[PDB]
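The complex is shown incomplete by one protein chain, all other protein chains being positioned as in the whole.
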Amino acid sequence: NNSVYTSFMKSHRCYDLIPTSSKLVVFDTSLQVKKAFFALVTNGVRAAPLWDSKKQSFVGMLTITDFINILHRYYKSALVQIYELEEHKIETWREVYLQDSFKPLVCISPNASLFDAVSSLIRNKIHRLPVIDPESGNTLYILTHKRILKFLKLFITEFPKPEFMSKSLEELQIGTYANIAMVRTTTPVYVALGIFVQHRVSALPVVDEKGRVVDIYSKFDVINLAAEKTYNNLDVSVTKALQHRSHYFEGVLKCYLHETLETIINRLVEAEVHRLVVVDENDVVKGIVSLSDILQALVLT
Amino acid sequence: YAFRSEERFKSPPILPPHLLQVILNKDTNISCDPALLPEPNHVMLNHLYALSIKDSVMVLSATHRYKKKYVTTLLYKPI
Partner (left out) sequence: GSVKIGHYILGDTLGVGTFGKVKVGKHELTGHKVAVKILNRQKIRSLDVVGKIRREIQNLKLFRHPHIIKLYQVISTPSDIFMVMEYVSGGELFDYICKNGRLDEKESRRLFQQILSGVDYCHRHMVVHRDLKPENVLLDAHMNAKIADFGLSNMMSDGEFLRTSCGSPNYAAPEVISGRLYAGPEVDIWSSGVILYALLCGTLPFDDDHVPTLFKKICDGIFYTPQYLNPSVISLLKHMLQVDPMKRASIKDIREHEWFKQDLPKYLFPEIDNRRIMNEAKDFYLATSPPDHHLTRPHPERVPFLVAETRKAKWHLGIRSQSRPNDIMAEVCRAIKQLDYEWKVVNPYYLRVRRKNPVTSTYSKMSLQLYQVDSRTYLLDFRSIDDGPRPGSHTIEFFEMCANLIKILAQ
């Protein structure tokens, strides 16, 4: 079952993954966190490499997760305080973040095989893996679970295909059904971040009284709070926060247990989302299949 | 119809039009990945593009090329 997908990743460098022309912003550790997060929504990027002026090197990464942590961490009430965040600086917050645990920046050479990349993503449990040319020392592109899946289905050929993928999801046991981290439609966006910090999950499918999926709150959706400068009020519902795009999205991407693995990966790379919520006739939650599951279902199988 | 003609020596040289076209102010499609930019002109590549500092943080960027690829690196550094 590893005869093809496993070899393919070892035969292609992360170089082929990199876009012809891309854009990446990098922050100085001397920069204030407030200005940093606003810069993220203005440039479109959800991740920026942290640069240290004194060390003259790349110390770490800055994602939306950071914005989630610092939001849940220092908070008093929606109306009472705009205080903590403003003054706080990137390196100063990394200090209280690393106070509990010390985890240096991870990176991969663009000349390394795609198999080394998918390994560093599962092993380190990280969605942002920067590719940095060791010769020049310049960060090129930030690899993503989405970027790889797209590249995989799009580039891989027809020929070796016929055998394993056809098998249905329910029977393949891929993805976590054991404990599903979710939020109600009336649950405050604060407790949403509280679950985002407790569990390392990247999304929280919202449910009504019936437990059906009427929307989904992704770790990326919270950056909108910084984009709209509404992050001061965390007492609002996730439905109230997702009400900004409510006139745009088609619905909640999902699939069924009895569907083929092949049909799932296709719909997944085309929708360009990070996961799907498996359900039934009642559209109630069953389990979650993310890109991390598919990527971890490849490297070994 | 011959022959070969002259050249202009008046200095300083006048700023070429190409450089005034920045890829960061251009707008991509709506469906593409936000981190994507069109293939830049080889002439504007090493050049620095500094964003007006309305913030106490100086923000300047340039589009550097790899072997076959291109990257626009924006850096936010406070004064």
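Here the chain labels run A and B in written order, and each chain numbers its own residues starting at 1.
In this section, contacts are C-beta pairs under 8 Å (C-beta built on N, C-alpha and C of every residue); 3 or more make two chains touch, one makes a residue touch a chain.
Taking the complete complex into account, residues 19-21, 26, 41-42, 44, 46, 51, 53-58, 134-139, 150, 154, 220-221, 223-224, 227-228, 244-245, 247-249, 271-273 of chain A touch the chain not shown. Interface residues of chain B with the unshown chain, by the touch rule above, are 1-22, 24-34, 36-39, 41-52, 58, 60-62, 64-65, 73, 75, 77, 79.
Keep this in mind: only the chains that are shown with their structure count from here on.
Put simply, the C-alpha centre of chain A and that of chain B have 31 angstrom between them. By the touch rule above, chain A contacts chain B in their complex via residues 15, 18-28, 30-32, 35-36, 39, 43-45, 51, 53, 110, 133, 138-142. Contact residues on chain B toward chain A in their complex (touch as defined above): 23-24, 33-40, 55, 57, 59, 61, 63-64, 66, 68-78.
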